[PDB]
Structure formats: C-alpha cells, structure tokens
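Before any questions on how it binds or moves, here is one chain, the form deposited without the partner chain, in structure tokens.
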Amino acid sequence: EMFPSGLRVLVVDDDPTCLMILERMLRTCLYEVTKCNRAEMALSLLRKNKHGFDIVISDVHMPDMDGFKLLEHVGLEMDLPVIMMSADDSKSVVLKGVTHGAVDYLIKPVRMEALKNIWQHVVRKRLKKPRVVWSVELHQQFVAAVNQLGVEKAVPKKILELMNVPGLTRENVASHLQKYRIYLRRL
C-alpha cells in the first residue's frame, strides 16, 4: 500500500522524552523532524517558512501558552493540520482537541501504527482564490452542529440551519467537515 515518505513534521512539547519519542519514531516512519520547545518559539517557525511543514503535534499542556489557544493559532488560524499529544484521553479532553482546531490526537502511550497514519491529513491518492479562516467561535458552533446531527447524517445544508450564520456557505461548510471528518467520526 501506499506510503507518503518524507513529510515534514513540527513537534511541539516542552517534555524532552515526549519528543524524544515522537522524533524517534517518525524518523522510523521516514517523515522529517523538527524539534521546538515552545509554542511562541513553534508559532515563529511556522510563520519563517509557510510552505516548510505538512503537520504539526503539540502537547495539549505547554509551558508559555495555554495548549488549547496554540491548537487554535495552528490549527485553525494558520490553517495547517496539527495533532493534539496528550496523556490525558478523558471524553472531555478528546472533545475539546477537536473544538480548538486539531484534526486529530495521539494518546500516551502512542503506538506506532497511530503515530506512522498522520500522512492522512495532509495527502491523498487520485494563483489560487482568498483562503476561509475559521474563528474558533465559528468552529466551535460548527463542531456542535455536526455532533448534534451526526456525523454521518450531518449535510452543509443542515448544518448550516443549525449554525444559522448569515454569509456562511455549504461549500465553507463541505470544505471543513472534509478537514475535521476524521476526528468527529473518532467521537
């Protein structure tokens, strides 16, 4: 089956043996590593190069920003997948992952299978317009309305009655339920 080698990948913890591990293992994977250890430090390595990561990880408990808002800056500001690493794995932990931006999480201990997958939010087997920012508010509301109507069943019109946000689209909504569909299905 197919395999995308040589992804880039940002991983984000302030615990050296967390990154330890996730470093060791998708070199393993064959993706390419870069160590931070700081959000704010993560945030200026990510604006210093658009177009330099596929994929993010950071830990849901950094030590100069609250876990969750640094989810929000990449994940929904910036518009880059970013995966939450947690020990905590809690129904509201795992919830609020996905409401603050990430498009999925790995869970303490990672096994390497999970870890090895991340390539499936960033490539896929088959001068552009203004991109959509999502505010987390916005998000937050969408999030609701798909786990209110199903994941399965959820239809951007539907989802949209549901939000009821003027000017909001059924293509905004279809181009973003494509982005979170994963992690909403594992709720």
Given for the second form:
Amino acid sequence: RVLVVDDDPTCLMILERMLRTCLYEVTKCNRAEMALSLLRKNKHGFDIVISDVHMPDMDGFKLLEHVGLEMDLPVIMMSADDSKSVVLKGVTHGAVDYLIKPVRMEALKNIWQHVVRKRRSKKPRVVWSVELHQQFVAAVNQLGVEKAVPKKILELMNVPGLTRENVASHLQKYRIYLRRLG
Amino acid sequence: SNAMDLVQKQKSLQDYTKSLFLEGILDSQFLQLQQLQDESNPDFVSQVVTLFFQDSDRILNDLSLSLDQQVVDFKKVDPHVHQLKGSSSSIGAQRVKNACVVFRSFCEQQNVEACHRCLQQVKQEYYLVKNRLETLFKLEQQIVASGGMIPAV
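The form deposited without the partner chain done, now the form deposited with the partner chain bound:
The next block holds the full complex; its first chain is the one shown before.
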C-alpha cells in the first residue's frame, strides 16, 4: 500500500512499524531515483508515498513534484523541520499533506483519508505542470482557502486552456493540505 | 539463586526506567517506542535503539572530520546535524534533540567556533543517553539471565 522514502534509517524503521500497526503494507526506500524507478514499474500498485524533504540523491521537493504532479499520486511530505516556510513548500511542490518528525501515531491515521479520496476515480491521468500548480496554490491562498471556489480560482489564474473541472478535481485533491495552512 | 533477588531486580529496572523520564533524558516518544513492542515484535525497542546508535556514531565521526577541515563546508556539516535531530527526536533522546537544534542555529550562521562547542555538547548528550539506554537493556538481560521475565503488555 505505502512506499516510504527516507534516508534516516531509524525514522524509517520506526515509521514502517507504525504504518504496519495501522495495517498498511510498507515498502522502504532511501534514494529518490530509486523510489522513482520503483514507482515507474507497471502494476506496482502503491497507494500512497511518504517521502522526506531531505534526500541525498535528489532535491526532495523535486521528488514531490515527480510523484505528486507528473504522476497522479498522493505524496505526503515528511520533515524534521517545523517551519511555516517548509510546510508551504510542500503544497507548492505537489505534496498532498505533511508529517513532522517525530511522526505522531495520530497523524498517521489521518493519511488514510488521502488514499480513499484518491480511489474515487486503467484510465487516463491528468498531469499538472509544476508552475500551473504553483499558480493554483497562488490563487486559492490569495482567495482565502474557505472562499476559493472553482470559478474564481480559474478566474484568477487566467490560464487559456484551463477548465473548471481541472480546478474542481485539483481543489478535491489539495483541499486538506490548503485548509491546514492558516 | 534467590527468588528475592529477582524481585529486587524487577523493582530496580522499574525505578530506573521511571528515572529516565523524570530526569528529562527521555521524552514520551521513547514510551511510544515501547508501545510499538509486543509479543510479535519482542526486540523492537532494542533494535531501533541499536540502529540509532550505529547511524549516530557515524554522524558524529563525520561531523568531527567536517569541522576539522581547514575550510569548513557547511553543505556537508548541516545535513548531518539535521538527520541527528530527527534521529534523536524519533527515539526520544530529548537532550540530544535540543542540542542539535542549537547546533543548527550555528551552521545557519556559519559560526565555526560555536559549532565546535555545539558538537561537544551533542557528543556529551549522546554518550549520556547511550549510557542510559545500554544500562536499561543490560538490566533487562540480567533479569532474564536470572531466569526471570518482564511481563510486557
């Protein structure tokens, strides 16, 4: 069910145990290019990726871009840095939620939400470029996350060729992360 | 052989574990680790703690080399300190976690003199928690070696 990408072996060994008590199948990984090729394989069937921001072979935010945006997958950001700046960088790079080290056991129950929201959909992906996503999060946070509704989020981005149900399902995907901001 | 001796060992182990929390050496994250250890995962706390020791022994050796360089490379100093913060914060070694936070304050300022004092405090806090956790595990093995048993809910 869950691929976990973390170069910290202790945090990896703990988080695998915690996810297993929540009854997830767990696969470990410690290189971002390794996790990418693992996800690339056909029929791999991974439901959620949890990935650290700190990654030795890739910018771990660019890893969030590859798993969150280029692939239509829920990636959950993970970091022992707490700052508001790091949390905002998760949304703005395609992550769907975040976990702060040390990982709360309670925080792990809230991630089951993101796979079930994923399972509401072999059928075609819709891929967002990183910049188009970054102005989507620009529009909703300028609009107010409560106030931001598919009509005005598209009316503020002003992207020719962007429809409202692109925005409607993108609001569906990132609602939870953007509400947690502010 | 005394049954009474195993009784003392149980109390001493009990009181010792209590003292690690009350003295601030371990925080509630360590109690979370003990709560992930059950009949099916009976050595989990020992195994996590031993891995934390191997990784952190490497990180401190690497920081001691990095800070001893003639031109300190904070691109190589900083991510070690960051891993050790999450490393120690995830097993509950609270004084180590906090000492790494102050260390990160001085890589961010690139203050090498402060970084040397920070590495000395982090080493001192790690060797403290390493002594305590190893004492904890030795006390348990002594109980088993007496023919005893730790109930482990």
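Residue numbers count along the first chain shown, from 1. Each form is matched to the other, and the largest set of C-alpha atoms that superpose within 1.5 Å is called the rigid core.
A.B. asks: Can you tell me which of these residues, 49, 120, 135, 148, is the one whose C-alpha shifts by at least 2 angstroms between these two forms after a rigid core fit?
C.D. replies: The listed residue whose C-alpha shifts by at least 2 Å is 49.
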